[PDB]
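Only one chain is given next, in structure tokens, and it is the form deposited without the RNA.
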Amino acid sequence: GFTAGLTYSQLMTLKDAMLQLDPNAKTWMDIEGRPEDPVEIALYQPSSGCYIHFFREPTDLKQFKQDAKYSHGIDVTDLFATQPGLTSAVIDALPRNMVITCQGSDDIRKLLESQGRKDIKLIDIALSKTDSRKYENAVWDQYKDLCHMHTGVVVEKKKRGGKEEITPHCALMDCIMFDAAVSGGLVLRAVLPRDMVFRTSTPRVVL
């Protein structure tokens, strides 16, 4: 038995980082991509400002391209360097019986259950679409430097008329804006090291 993808030292570094979480603080979680094949993951604790944020290369390119066009605007080339096994290792390290808050619990439930974490309790805050996006503009304005990965034009599917571009959906900004909507208004600290979420790329001769 073992944790796939990460070597032991990486794993102990992650384990130590994860202990920066307050196990009882309100904790948001949000993902981009389907729960069976997620490409962006974020957890957020407003009280401390602690956030977990990382990415994953998709298994299904076809579905990913649809999601990029209509939801997240992420370019797969920026995902080539992601750390294999990171999603499983992070979720394994979440405190037992932790209470996690989300907007729509269905996808979060599926993802956690696929990791054998049925012990985690979910609160679906169930915001209207409109209510959930009240602080969208404000959040991107203040925190855009925390995520540069949404590079593609994202559009609304329309039956008629002109093209309509929309603001891309980011797991991290989602957490922040759903929390602002709940708290009636709007620093932050990264839990994970940058060299853990992305493997440093280096030159090679193709063999």
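Only the largest set of C-alpha atoms that superpose within 1.5 Å between the two forms is called the rigid core. Positions refer to the first chain, counted from 1. Shifts are known only where both forms have a C-alpha. First, how it differs from the form deposited with the RNA bound.
- Listed in sequence order, the runs of at least 3 residues with C-alpha movement of 2 Å or more between the two forms, after fitting the core, amount to a single one: 200-207.
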The other form holds:
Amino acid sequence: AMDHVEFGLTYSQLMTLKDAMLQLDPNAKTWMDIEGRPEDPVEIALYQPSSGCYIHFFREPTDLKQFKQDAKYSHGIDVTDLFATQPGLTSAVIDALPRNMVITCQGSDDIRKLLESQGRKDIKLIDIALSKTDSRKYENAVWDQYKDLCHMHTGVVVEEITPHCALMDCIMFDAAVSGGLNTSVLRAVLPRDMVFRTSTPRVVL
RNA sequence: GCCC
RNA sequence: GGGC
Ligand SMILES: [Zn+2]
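Can you swap the form deposited without the RNA for the form deposited with the RNA bound?
Let us now look at the entire complex, which starts with that chain.
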């Protein structure tokens, strides 16, 4: 190619991001989960139960055909709802993760591919490797409490089942390991205007 | 339906 | 079996 662009984000936004990420404790238990393929992710979440802090954002898919298919069987995201997303956020957030961080997931193959494709092979991964029943014991309880935190899974998902959300997954997997869900308010690490296009034009031109 |  |  003749295209040579290092970042998707401006330096200003990269600096805001770096500051925001200081809310992450480099040594606290940290869950990570994605929806979409590791080579073409559409939803990313990281969650630290110790503080209630979470990182949550979206990305428009490159493979629209595979996406519409994945939506039917897993995430139920409509692609039009992913238009206002910030390009480059996935790379920027992953680049900003502390060196040699320990990340917990269920399971690890997709997480590993994504992080390694970003040159983070320094990140250590713990796979909880739970069954399909044990990992989703608190599925209803989590959605009951935290549904307002993600409005993106509007499509009917079949195998009809509850849609898979990267954020709800992190919270419910933690609940499974902790043997309970304790009721508490969570805190978004990223500013809203970093995650979505937020401008409202006065007039169309 | 697709991936491991 | 696990995952989208
Ligand atoms: Zn979600």
